[PDB]
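Quick heads-up: it's one chain on its own, the form deposited in one PDB entry, in structure tokens.
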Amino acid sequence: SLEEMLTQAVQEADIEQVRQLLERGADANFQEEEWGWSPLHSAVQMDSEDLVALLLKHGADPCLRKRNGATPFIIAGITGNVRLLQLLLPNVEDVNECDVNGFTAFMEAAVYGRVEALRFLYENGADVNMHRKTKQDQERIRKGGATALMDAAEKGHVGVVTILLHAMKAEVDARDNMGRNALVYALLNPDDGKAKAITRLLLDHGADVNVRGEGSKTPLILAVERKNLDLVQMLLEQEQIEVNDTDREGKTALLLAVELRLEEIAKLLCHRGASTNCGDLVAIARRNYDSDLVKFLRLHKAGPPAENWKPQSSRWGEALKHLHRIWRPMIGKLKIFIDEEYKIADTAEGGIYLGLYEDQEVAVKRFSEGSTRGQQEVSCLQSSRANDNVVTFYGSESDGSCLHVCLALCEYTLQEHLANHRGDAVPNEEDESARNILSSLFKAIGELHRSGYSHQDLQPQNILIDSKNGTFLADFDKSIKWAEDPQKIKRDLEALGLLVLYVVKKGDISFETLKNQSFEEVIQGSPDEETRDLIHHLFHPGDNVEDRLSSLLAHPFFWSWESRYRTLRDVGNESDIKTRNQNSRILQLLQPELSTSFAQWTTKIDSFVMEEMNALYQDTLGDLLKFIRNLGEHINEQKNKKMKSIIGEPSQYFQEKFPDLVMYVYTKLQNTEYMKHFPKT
């Protein structure tokens, strides 16, 4: 708290207080730990020589380095007051001392366009053609190696560039580690005037014009993309320039000029040997409605690639092949055309259209760029990237006024998918597919809740099936961060219960019908007790922060018919069931209501089968599980083949005859030691 007010005093520029505290013993080489700023560093930055003098009076080191390795000498280059540089030079071991990224005081004078300061340092031994030596991580990615001229050229300081080349013997064709010269730095400056002057200077000194910058672009290409005919003329004056150089994308300087609607620039390029075998220029000019340029390319005319690209979607394959072939302007990384041929579906605002994002096929959901709906969709999607059962999110792109959200393209909606597979199974077979779809949804919605989000509009058109029969949740425009109202999670759970019934009924019942039913009507329409119990627990959940849904994945609804039969057999093999030990812990657990279908169960079984098993079966639950265990073990023997014919497949037998059995046993043993007999879930 003493050095603290020394620091505070220097920023307010209260000079007496600075003297007082140095007299009082305040450390002038105190470095704040976040970024390493010294009071001498901060003094040079604010340009107050009075403060620079008083601190130096009290032994403050002028080559003390902050986090980036900069000394208050190097910071003086940035300030560009020469009398500060005078005051510190007597103490500085090397005038070419650099920071961790290789910046010297002379470079910093070049960067900040400090003419008076760069002269001073020039006379005092500064290296003019110094390249920046940086840390090893940065050099292995070929960063660094820039020079004072490149910095001056990029920031457009014409004053500084002139002096460097003429007065200071600056190398014009010095390169950085990536291979760039000052010419390419010069051509990236937004101001046309300053760019024009600097390129002229650099050219006359012998700056190479066949060099490669970002995107493998040449100087000429950069000048064309800038739309500046002047810089094109200057670079065309050199004859050893390669006019038919191509960037990373395979585009040539002429091609871009035609594409960019630049008549003057196009003609001038042709009249300097630019080949017209780079692309179909007249189609491009025709598309741009430049009649005059079409004529020119035609009057100069004397007399296409191969289409590699293949879509992975088979439903959308032919339309994507078309969209890939046509020309469209890019919206960032997105290629899209708003036409019914490329439309997937209709929405509350904008529609779903096929698109290409980074040349990958996607579904593009459109919103107005201001839309609250568009904001919640993107916010929820960007938190869901680890949720395997949520549709993959590529990215969002905006133009003037439309937010495009790009998503993984799926084959079918849940509804369509159920329709296509509706004739696959015979009427009364076990429905594995309903389990897979629903367990996927439970995980999807459960993970979304752990993410802090609730969907708020779960229905079969928001659920998509990919080429490999995976189920994915989509459409988060009405989603909410559920901490805002934790009780609206129940709406997700209710829609899940309707989706349970919807999928179990193979889509024969519409979702609209099901939403118009009451809870009791939904339970009645359920074909079995497992489904009934599950839907019940979704409408009457417990209380959980996205733990609830994963728990219900252990519910016997998601147990196969073999696993259900296996659990009843395993329970019926407990010692105390076979010995009918009625004080036992197991039988006390199955102790007890509403007349179950297995009360008086020995009467409901075929009398031949009942007779032969007896080799004393009472109407207890314990005795029925023993019955199931025994039959399970001996059903396949030669001795029992008539029994086997009457029973058929045993799992289905007991379940049809006693529909509440599995659920009853599950409820009695669910939080007990005998849970171990349940299938692994």
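Numbering follows the first chain given and starts at 1. The term rigid core refers to the most C-alpha atoms you can superpose between the two forms while keeping them within 1.5 Å. First, how it differs from the form deposited in another entry.
- In a rigid core superposition between these two forms, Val545 is the single residue of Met330, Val545, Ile326, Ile141 whose Cα is displaced by 2 Å or more.
- Taking 2 Å as the criterion, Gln8 does not count as shifted between these two forms: its C-alpha moves by less than this amount when the rigid core is aligned.
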Contents of the next structure:
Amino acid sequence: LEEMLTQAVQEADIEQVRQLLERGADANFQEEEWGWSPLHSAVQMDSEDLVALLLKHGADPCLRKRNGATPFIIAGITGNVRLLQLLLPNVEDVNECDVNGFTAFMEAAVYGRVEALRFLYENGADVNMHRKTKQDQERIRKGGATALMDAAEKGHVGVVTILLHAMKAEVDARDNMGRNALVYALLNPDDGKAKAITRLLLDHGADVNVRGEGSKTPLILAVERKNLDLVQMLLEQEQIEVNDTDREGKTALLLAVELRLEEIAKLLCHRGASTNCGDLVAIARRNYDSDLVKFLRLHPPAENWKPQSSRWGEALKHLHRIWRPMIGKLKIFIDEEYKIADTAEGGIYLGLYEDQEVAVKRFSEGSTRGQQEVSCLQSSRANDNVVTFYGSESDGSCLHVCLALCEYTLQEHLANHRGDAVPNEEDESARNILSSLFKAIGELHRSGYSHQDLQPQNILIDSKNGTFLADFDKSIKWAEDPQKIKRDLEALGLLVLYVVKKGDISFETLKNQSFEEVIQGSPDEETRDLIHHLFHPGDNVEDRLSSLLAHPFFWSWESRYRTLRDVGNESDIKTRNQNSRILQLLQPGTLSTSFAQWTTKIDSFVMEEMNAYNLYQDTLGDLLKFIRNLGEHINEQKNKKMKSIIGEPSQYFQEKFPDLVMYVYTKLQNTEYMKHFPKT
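Can you now output the form deposited in another entry? The one shown was the form deposited in one PDB entry.
Just the single chain follows, nothing else.
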């Protein structure tokens, strides 16, 4: 309303800029997003009188914006030379600069403003001055460039010629990296202008063995340019070092052959390039360049690269060996030897991404499934049980998403390890796989995605038994539809049974069972109870996966036995105090379980020495008291024939009483006696 009123200095309606400071407006007010003044914005705009009128009323031409720039320094851009006259007698130093080191003179140069450049020249502008930025852009070797180097790279060949001859400029000045004006010139895409500037620079003495980005020489920048005349112009100078290399060990001539440039290559041999830094007749061969193989005849490397994968090892050693073009950071070969699996689109192949072994999922460049795989992958880099995502690269027609390379599918993994477990033993491996999937899906959901198609083909296991989620091309952002989360939790129900039964029941058999059949298929009570909570997670999913990680399904056998004994040691169970708080949680009001008359179901010998004191009753309390008492003494020397008949006590009590830990868990679940549960 107030100072925003002289938005009118932008409308260039000067009667509204005249009048509305007539009522009072701070011509030096600076909007502080970027610090522009009316007097700044007038010179960028180039107006005789919008400038003169603000000058007319005390607006100072040296106030700086965020960039650090003056109305003088930006007046070097517009190139208007008595806009510079109207504010020349108001400038302390004609070589004032902005925060990045730019003087009025240096910016007449980058914008080709020739009349501006000579007016500032004979009023004391330093043509040779290097740019002085802040120290955080100096400890990375920026700054130090001259006016000459930006007249160079921007192609102002008119502005360049005047600097070397009329203005004394320093041709072989370097910037803080070491580049001279020369390398700036050969980064200009304009072929004509790049040719003219470099001939002007060279004949005044630019060092032609400087280096630039990539450690390339000027000659290597000419070759990668595919430009015949710069290669010959540069070699016309007889101190050129032909066999110099970039950071990657390639000489100019090696690239000359690689990129199928016959005559470019022919002159660098004719001028002393090395015929021995690589296999150069092999490269011209595979480039179908008959005339260049022909001439290269008339005038090896041992190999370490270890793949980390064992299954894919020998296929990836081979792909390291063969020559392939790069698709970005990615080396790939569509061939059946490197094929991992078939997709609806493109399949998945092996790969080398920045020399790391990867799996490559190939999508068509437009495909919706691809864009949906990538976004979800991008929200999951913090999810430790999602396959690591290295990055995408597209060849303009086909998108390659590159992922951490794994060894086996969950289904393959369960097959290869079906025989490692004694029939009569604890399945720790099932708990590990399934707990990783709970976390993986839990984190996926907190990140706002639902997978929508989990099944053992999408679950990956790597060289060290980690399990990973993969294949997110059917995923959805679930915020717009929060009840769709429930399909991930039914699939998890199916997978809990899939893994507990060790792969014996195919996943597709399960996908055709009703919920109630799969529950009956559960082998034990912990498992049936867990699956139930995955099929009925509530209109209240929230984060039901995290709490289930505390289910007794995930308790070891030692932990289960420990909890049963620790409850059994509470004071009121040993004294059989039925009005206690613990006994009223476990057995209030009067059956129907596997441990009613539990005294009946343990063998009569073991029952008799436990009555080395009335006696034990058909109480759940007394059965926990029992477990505690035998727990503390099963190993003592008087009781070796007890120990022999019980077997391992944890297994004994669980298989004789299948529902017991689930019952105790259920009764103590949200009570102080939770403290006896194992740590989660």
